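Colleague: My request is simple: use the sequences and hints to build the entire structure.
There are 2 protein chains.
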Amino acid sequence: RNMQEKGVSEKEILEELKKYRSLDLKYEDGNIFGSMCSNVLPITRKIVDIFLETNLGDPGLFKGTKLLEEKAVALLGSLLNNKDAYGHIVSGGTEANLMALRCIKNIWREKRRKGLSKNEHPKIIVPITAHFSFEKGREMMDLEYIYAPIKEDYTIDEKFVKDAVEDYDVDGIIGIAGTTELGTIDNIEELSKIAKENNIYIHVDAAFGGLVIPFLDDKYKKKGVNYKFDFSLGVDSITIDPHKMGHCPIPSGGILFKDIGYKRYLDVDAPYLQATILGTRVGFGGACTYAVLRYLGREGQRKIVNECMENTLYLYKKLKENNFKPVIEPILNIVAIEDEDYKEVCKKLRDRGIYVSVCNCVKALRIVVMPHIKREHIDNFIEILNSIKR
Amino acid sequence: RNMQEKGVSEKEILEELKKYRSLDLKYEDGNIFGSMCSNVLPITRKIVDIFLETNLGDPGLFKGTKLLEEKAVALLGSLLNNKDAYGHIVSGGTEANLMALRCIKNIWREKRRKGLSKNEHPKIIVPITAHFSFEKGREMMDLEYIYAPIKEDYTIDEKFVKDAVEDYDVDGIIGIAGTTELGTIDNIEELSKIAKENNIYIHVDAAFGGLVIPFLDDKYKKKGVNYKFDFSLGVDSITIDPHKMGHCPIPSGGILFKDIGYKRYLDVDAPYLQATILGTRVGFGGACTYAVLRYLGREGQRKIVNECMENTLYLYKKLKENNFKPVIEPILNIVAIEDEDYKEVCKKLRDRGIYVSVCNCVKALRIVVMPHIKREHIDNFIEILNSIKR
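First to last, the sequence lines map onto chains A and B.
Numbered by the UniProt record's numbering, the letters in the first sequence go through residues 2 to 274, 279 to 395 in order.
Numbered by the UniProt record's numbering, the letters in the second sequence go through residues 2 to 274, 279 to 395 in order.
I should point out that these hints are in silico values taken from the structure, not numbers from a laboratory.
Since no wrong hints were added, every one of them can be taken at face value.
Label-pair restraints from in silico Cβ distances:
id, chain 1, residue 1, chain 2, residue 2, range
1, B, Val9, A, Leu117, 43 to 53 Å
2, B, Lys394, A, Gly302, 47 to 57 Å
3, B, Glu13, A, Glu381, 29 to 39 Å
4, A, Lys64, B, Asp143, 34 to 44 Å
5, B, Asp268, A, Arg303, 38 to 48 Å
6, A, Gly61, B, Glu71, 31 to 41 Å
7, B, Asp170, A, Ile147, 29 to 39 Å
C-beta atoms are modelled at their ideal positions from N, C-alpha and C, and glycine is treated no differently.
Modeller: Below, the structure is given as structure tokens:
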């Protein structure tokens with residue numbers, strides 16, 4: 002507990018650490034059902050070792066690692082239909098979303114300086130399904146949120162957004178491509194039309210879905226769901242998270258802006274003295294993001310994505326066969342189970358070694374069918390749950 | 002450049018990555034003289050591998066890794082003379098400083114809600130030597146900074162701070178234990194007295210110095226410099242950065258608060274739904294911080310710190326012997342060289358394979374004598390610099 006004068010041997014300290022690691026769950030063991038992280042692609046362990054002693058906060062010392070960040074951003078941009086994207090491989094979707102909010106706020110600040118805004122704080126339309134990082138941004142940056150309601154399919158109400166844009170002076174719109182709770186996709190096509198017609202910045206949070214949606218086989222796509230979400234719609238920025246469905250080690254997050262014109266709105270003016282929030286920051290995230298996308302190609306990511314979707318629809322089928330009520334038919338590799346007693350059922354599952362997460366907008370257990378979840382784990386989950394219900 | 006359909010082999014992608022890594026500098030090669038990062042302790046490569054697939058954003062899944070974060074914070078707290086510290090192993094000193102600023106701001110918000118503050122924004126006294134992360138915080142959180150001037154020894158003017166606290170309603174004070182530019186130590190003892198007498202929060206930025214000052218041999222200590230900076234002075238929070246002079250891999254930063262009473266001021270209220282800014286975040290930083298401090302003990306860190314100081318004073322001696330003007334006699338393992346033509350000299354050094362950094366408050370080259378800088382590198386640096394000056 003206290004700092005000691007004498008050191009200890011490598012064997013002593015590693016064995017102590019391994020005992021603590023033994024208390025953790027491991028993704029490959031069939032315990033973790035509620036996480037959007039999973040096992041990393043094995044090749045990334047070598048890449049982390051190669052790039053461990055780099056620092057993208059000092060890119061003049063690590064020119065090659067910096068070029069790899071640029072290449073990683075370019076490959077993500079290509080995936081998102083934008084060959085000119087300006088962006089960064091950052092610490093995660095939270096920092097990515099915060100940087101988009103900073104950009105929105107600095108566009109508003111410039112208007113305020115010119116007398117072109119009656120808003121004392123940026124006014125941003127955000128769906129109530131938005132990830133908690135948006136609340137962190139609101140709280141830090143003193144943003145004003147207009148919370149948009151969701152429709153019966155749990156996607157943002159586009160008519161509300163359009164009406165709010167007419168009623169108020171709006172500084173940004175947020176749409177979500179793959180919501181945290183249910184994996185639904187907002188109508189980005191319509192939101193982007195509203196945004197373009199009114200000269201409003203629009204950010205797409207595709208932290209999870211950005212590395213799933215582009216790879217979905219047609220049989221998993223649903224009539225009337227629009228899967229368009231990327232720069233082909235003219236959106237201003239997109240968050241996308243390699244350390245979720247990109248199989249990259251933490252920290253590997255992505256923020257892409259439509260072009261380099263946005264970089265100036267990420268400036269910070271220091272009277273007595279970088280676009281990311283962090284300073285010193287890893288170089289291995291960009292190396293891993295580039296390398297995993299190159300190693301797998303579209304073919305390899307498609308195989309993983311649709312294996313997850315196969316197991317997602319298997320879980321959905323088994324749930325209904327056992328008279329459980331999924332909240333929705335799954336869109337991405339996320340299924341939620343309606344249950345009034347969800348808190349207690351979650352704890353009972355936990356006692357039996359099944360770790361799910363629980364929802365906010367609805368009383369349900371959330372299962373994220375990442376690549377570590379196999380058929381036998383789903384079968385095991387159903388047995389344990391049936392047993393709890395007797 | 003573009004996303005491809007077909008993947009590539011492991012050999013192809015690793016060889017490509019290794020070519021980019023070949024363009025980087027490496028700490029052990031005698032090129033990097035201006036960085037506060039260095040080679041990691043070799044044991045940490047194994048720890049990163051063990052803990053790569055953990056996530057302190059989901060500590061309920063990684064109970065052991067979470068306990069190790071708590072143990073890492075406790076060891077840092079013990080080093081800083083506080084057995085009850087509440088804190089986190091975060092992404093770096095930037096996030097640490099931002100969390101301290103969030104705490105300061107939320108203490109002010111509570112006062113504002115009760116009518117106990119005439120300040121429309123928190124008013125924080127910050128020395129002009131403060132790290133750029135404080136400007137990032139000001140810009141994001143709409144803080145009002147009262148910039149404190151520095152004295153001839155480049156430390157904060159304590160009388161200015163005391164006078165400003167009488168003239169204005171002040172919500173926080175920042176002191177620096179190891180400035181970025183010169184390695185000087187503000188008079189934290191006096192600042193903490195001012196802060197306590199006026200009920201003002203005080204944060205100490207010891208990102209660099211916190212893992213140097215406690216280990217300095219008496220011969221490196223200077224008459225009249227006060228080396229006290231930690232919780233024995235009753236300060237409210239301290240930033241300390243293991244991935245600087247703690248030899249830990251990025252990301253390993255530290256933020257410690259005086260006690261768990263501060264946790265409530267890091268809350269974020271989400272109407273429709279964690280104390281760190283990041284969400285998903287590494288677990289290996291806490292494991293490495295704990296393990297390196299246990300492995301080295303005070304004895305092993307003292308040896309490294311004072312080896313760096315030996316080489317720092319060697320560099321200072323050689324500089325004067327060659328008629329260069331150091332800005333100050335070094336306090337920590339940082340030396341700066343006065344030069345009117347510092348920008349051009351820096352570029353000339355760069356052309357010769359010597360990478361220094363350059364200062365803000367003064368026209369000088371900054372050398373950070375990290376453990377990778379040995380006598381032969383200092384001798385080589387002096388030769389190249391003498392040559393540039395002819």
